[PDB]
Structure formats: structure tokens, C-alpha cells
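Trainee: With the hints as extra help, turn the sequences into a complete structure.
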Amino acid sequence: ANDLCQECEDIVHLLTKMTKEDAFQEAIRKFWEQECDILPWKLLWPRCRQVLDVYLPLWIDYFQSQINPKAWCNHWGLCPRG
Amino acid sequence: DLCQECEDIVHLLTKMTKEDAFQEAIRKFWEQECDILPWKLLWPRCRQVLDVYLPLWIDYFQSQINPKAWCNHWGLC
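If you read the sequences in order, they're chains B and A. Each residue of the first sequence is one higher than the one before, counting from 5 in PDB author numbering. Each residue of the second sequence is one higher than the one before, counting from 7 in PDB author numbering.
These are calculated hints, taken from the structure and not from any lab test.
Which residues of chain A face chain B? A few of them, derived with a C-beta cut under 10 Å, are:
1) 8
2) 19
3) 21
4) 25
5) 34
6) 45
7) 49
8) 51
9) 54
10) 55
11) 58
12) 66
13) 79
14) 82
Ideal Cβ placement from N, Cα and C applies to all residues, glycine included.
Mentor: Below, the structure is given as C-alpha cells:
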């Protein structure tokens with residue numbers, strides 16, 4: 005729906021802004037330190053902490069790149085009417 | 007400023023995680039994205055992380071946290 009399209013555009017727009025802030029990455033990191041030590045996260049294979057160490061810097065980097073929110077949401081099927 | 011951005015993103019994410027189309031779009035994007043550089047050379051394997059963690063994160067944002075509490079608790083407010 006158009007509402008899901010607008011939600012996507014807003015999400016991506018805020019993520020491009022927030023990923024530039026060092027505090028946002030720090031908060032996500034600290035929160036995941038604690039979440040990796042509670043159920044079910046602690047039982048998971050690949051290990052939660054290893055995933056957080058390898059992938060969070062790259063996920064943060066992806067959203068710091070030049071992304072047009074309207075284009076990204078449109079390309080991945082979240083705007084069926086355009 | 008950051009506190010406002012956080013609450014907005016957390017709020018929009020719970021909403022979006024209740025849609026099948028959203029989970030499906032994330033899934034398709036990461037499947038193709040796991041086959042290009044630098045993702046394809048990463049250990050633990052990108053496809054394995056997606057397969058094991060995406061349903062759990064989705065289920066996490068659907069019913070386990072709210073914005074004021076998350077942002078305030080993790081130092082953004």
C-alpha cells in the first residue's frame with residue numbers, strides 16, 4: 005500500500021541521518037552486547053557477539069552511502085503504485 | 007534531536023514489522039546483497055546469519071520493545 009511506501013521512505017530517510025551520528029552506532033552496539041547474553045540470542049549459531057562484531061559496522065556503513073529513499077523503497081517492492 | 011530521531015525510527019519499525027511485504031522485501035534484498043562484495047567473503051556466512059536471525063529480529067520488533075523506553079535506556083535521551 006501507499007502507507008507502507010510512505011513508512012519505508014520515512015524509515016530510510018531517518019536511517020541515512022541517524023547512521024551519520026557516532027552515538028547511534030554506540031547505542032545499537034551496547035544494546036546488542038546485553039541482548040547476545042539472554043535467551044534465545046545466547047543459544048544461536050552463528051554466535052550473536054561474532055555477528056555483531058563483523059556485520060554492524062558494515063550495516064551502519066550501508067546507510068551512510070548515497071541512497072534516495074524513494075528509489076530504494078520503489079526498487080524493493082514497498083511502493084506498488086509508484 | 008537524536009532522542010527524537012530514535013523514537014521516530016523505533017515507532018516506525020514496530021509498525022513496518024507487522025507487514026508480510028516488509029519482511030519479504032528485507033529477505034529478498036539481503037539474499038541478493040549476500041552474494042556481492044564485501045558480504046560474500048564474511049565469516050559467519052551472510053546467508054546463514056540472514057536465515058537464523060531475520061525471523062527473530064522481526065518477532066523482536068513486533069512485540070518486545072517501545073520507543074521512549076528503548077531510546078532512554080540506551081543513552082539517546
